[PDB]
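Okay, here's what each chain looks like letter by letter:
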Amino acid sequence: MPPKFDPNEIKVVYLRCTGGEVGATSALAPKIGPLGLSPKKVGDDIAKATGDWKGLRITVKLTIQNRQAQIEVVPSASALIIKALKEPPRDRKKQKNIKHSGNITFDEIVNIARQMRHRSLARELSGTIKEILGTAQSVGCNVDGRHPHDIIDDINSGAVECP
Amino acid sequence: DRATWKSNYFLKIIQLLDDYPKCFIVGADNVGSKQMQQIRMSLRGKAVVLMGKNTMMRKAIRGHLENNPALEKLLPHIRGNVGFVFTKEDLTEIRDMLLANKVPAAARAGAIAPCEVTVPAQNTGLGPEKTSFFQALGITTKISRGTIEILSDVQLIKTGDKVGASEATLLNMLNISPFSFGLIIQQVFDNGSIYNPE
Amino acid sequence: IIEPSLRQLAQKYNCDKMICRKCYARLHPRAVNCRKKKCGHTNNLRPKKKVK
Amino acid sequence: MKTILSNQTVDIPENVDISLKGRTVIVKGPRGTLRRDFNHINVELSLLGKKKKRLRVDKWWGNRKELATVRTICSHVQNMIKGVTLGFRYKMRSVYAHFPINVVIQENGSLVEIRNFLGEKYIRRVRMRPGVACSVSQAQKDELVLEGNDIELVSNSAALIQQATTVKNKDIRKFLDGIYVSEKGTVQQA
RNA sequence: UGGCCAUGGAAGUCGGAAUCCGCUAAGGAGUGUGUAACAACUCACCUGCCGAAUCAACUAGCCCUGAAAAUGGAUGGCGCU
Ligand SMILES: [Mg+2]
Ligand SMILES: [Zn+2]
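Residue numbers (the authors' numbering), protein chains in the order written: chain t, 1 to 163; chain s, 5 to 202; chain m, 77 to 128; chain H, 1 to 190.
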């Protein structure tokens, strides 16, 4: 692939977002698109098939091109999975009131989220990851009748099962 | 602020002195944030990395506190840019790990030269740009099918020679970084005994 | 077209300046006041506009 | 208010011989003599130590505008000792875009001719200050060296040929041309 | 953490409700340079060097800018520091 076109071991993975809705122009026309045997119609169809139902919201799509097809993998972001676990549906068509209902209270899913964390954030045991994930969100941030300021600091559970 | 932070810093240094009795005095020199994060991810479980400052002269108080004599060796040696590595397992294995924890760390203009610098026969990977910056120093660079090719291995920077600005910029364009060591260890404290890092 | 360190050395004398809002005087880049009596040491200063 | 005393000492090295006739100091040594008349400055200049090891400057009952002069007398004494021992060498490079600026000294370094600045036909003659020697150095393309003892005379002679090569009625942010001072050091380092 | 409305673009960046943890020595969901988006340059805190008075905001005196007219022009004049 330097001289004109020689695919030897093309497995190029780049960072890409906005793959839930097909949009108007889909941000695929520039140089990443036509270079690498990636068409626009089949690529938009496979991107829609990966951004199909559950969930229809804007996520992160990392793409693998095996010279004919694009495999899109969604890395688990904490705010994206909290907004996906938010009550569906709200895309358009009686939108605008607005996105921030927040009646989930993150009961028994953050355990599996901490299990699927990809060893980032330079962490100790899960007592720090709890305080990270309790303040990273911005919708309801805690239980319905609580405040996320001085309650997340005292957690006496979930120290062993999270790794 | 400025009182509770100092009290928490004192509690942290007395907790690390009560936890790990063995400490390594290493260099906290030119380094990046992602590089320090890689150093912490390397020494995640066993070692603890800490910054030294002017309130590190509380080892006199640690010696006054009726527990451990012969702590006066570590008191004058807080000079330069100081990092503390608190650990418990071994001395020479963690010293070899800190030696093998070297960073590429693309060079700067003005630093000293630890070794001699050679340029292998490898193209720049670019088009037919200007060759004046490479030919002003005395490097045999030709244009053979676009890419600028070096036709002779020329020793540019010797031992103890100052690094020029133009040669530093052409080394940063050729992406060769020999001017890095990472962290420099000075004193090894081993449970009261002070050894030579050889 | 020009050597870059000598270009920066020319920038240090020709462009790295502070300009008053009242009397438009060319001042050193570390300035917080103005020299001139005619503006009354106005201290309304701006950086000199860099060339595009 | 009036501050009762502001004193400052200057420890001279053994290669320097200084003396004073009232407020008129004279500094001689290796490279020559330099005199400075600190009349109308209105301070006290004592000279103490065996073989006059230090020059002490006093200001008695002076407010802020005359307390600001003790350190400038000390700085002129440091610059004069530096000019006597080590000298002053100002390096200044000819920065040009297209037209190469032709610089030539005439007698020794006294008269300097500047040609081909912005393609102009008018030659620029500059007389240097008495005691400043101009030269075109080696191992460098277009660069002038001003050597001397008095920092006042050397830097004024540099400012004359820096202000002679100015660009008129143009954008000087684009036309970066002229002979500009790049380095300020001594003749010998020691 | 391409966090979040903004799709016409905010991975600090035209803007606004938001606005904390981790490494911790340390980066505010950010002061600018600047972008169809980026990238990159670059500010809280501390260490290596000099080792004792310093910083910030108001406020009152005298002086200065603000403050430009026509015959030559007036603290009364000379002048006065
Ligand atoms: Mg014009
Ligand atoms: Zn002004």
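These are calculated hints, taken from the structure and not from any lab test. Be aware that a few hints might be false.
Below, simulated DSS-like cross-link-like pairs (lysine-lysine); rule was C-alpha separation at most 30 Å, straight line [unchecked claim]:
{"#": "1", "chain 1": "m", "residue 1": "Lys128", "chain 2": "t", "residue 2": "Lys31"}
{"#": "2", "chain 1": "m", "residue 1": "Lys93", "chain 2": "H", "residue 2": "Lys28"}
{"#": "3", "chain 1": "H", "residue 1": "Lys184", "chain 2": "m", "residue 2": "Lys124"}
{"#": "4", "chain 1": "H", "residue 1": "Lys168", "chain 2": "m", "residue 2": "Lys124"}
{"#": "5", "chain 1": "H", "residue 1": "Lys21", "chain 2": "m", "residue 2": "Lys124"}
{"#": "6", "chain 1": "m", "residue 1": "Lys112", "chain 2": "H", "residue 2": "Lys174"}
{"#": "7", "chain 1": "m", "residue 1": "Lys126", "chain 2": "H", "residue 2": "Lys91"}
{"#": "8", "chain 1": "H", "residue 1": "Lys91", "chain 2": "H", "residue 2": "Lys174"}
{"#": "9", "chain 1": "m", "residue 1": "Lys113", "chain 2": "H", "residue 2": "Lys170"}
{"#": "10", "chain 1": "m", "residue 1": "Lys112", "chain 2": "m", "residue 2": "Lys125"}
{"#": "11", "chain 1": "m", "residue 1": "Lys124", "chain 2": "H", "residue 2": "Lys2"}
Here is how each hint holds up against the structure:
| no. | hint | in the structure |
| --- | --- | --- |
| 1 | m:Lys128 x t:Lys31 | 28 Å, holds |
| 2 | m:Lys93 x H:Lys28 | 40 Å, violated |
| 3 | H:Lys184 x m:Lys124 | 26 Å, holds |
| 4 | H:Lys168 x m:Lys124 | 18 Å, holds |
| 5 | H:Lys21 x m:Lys124 | 49 Å, violated |
| 6 | m:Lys112 x H:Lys174 | 27 Å, holds |
| 7 | m:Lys126 x H:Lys91 | 27 Å, holds |
| 8 | H:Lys91 x H:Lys174 | 24 Å, holds |
| 9 | m:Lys113 x H:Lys170 | 28 Å, holds |
| 10 | m:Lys112 x m:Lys125 | 21 Å, holds |
| 11 | m:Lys124 x H:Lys2 | 41 Å, violated |
Of the hints listed earlier, those the structure fails to meet are numbers 2, 5, 11, in rising order.
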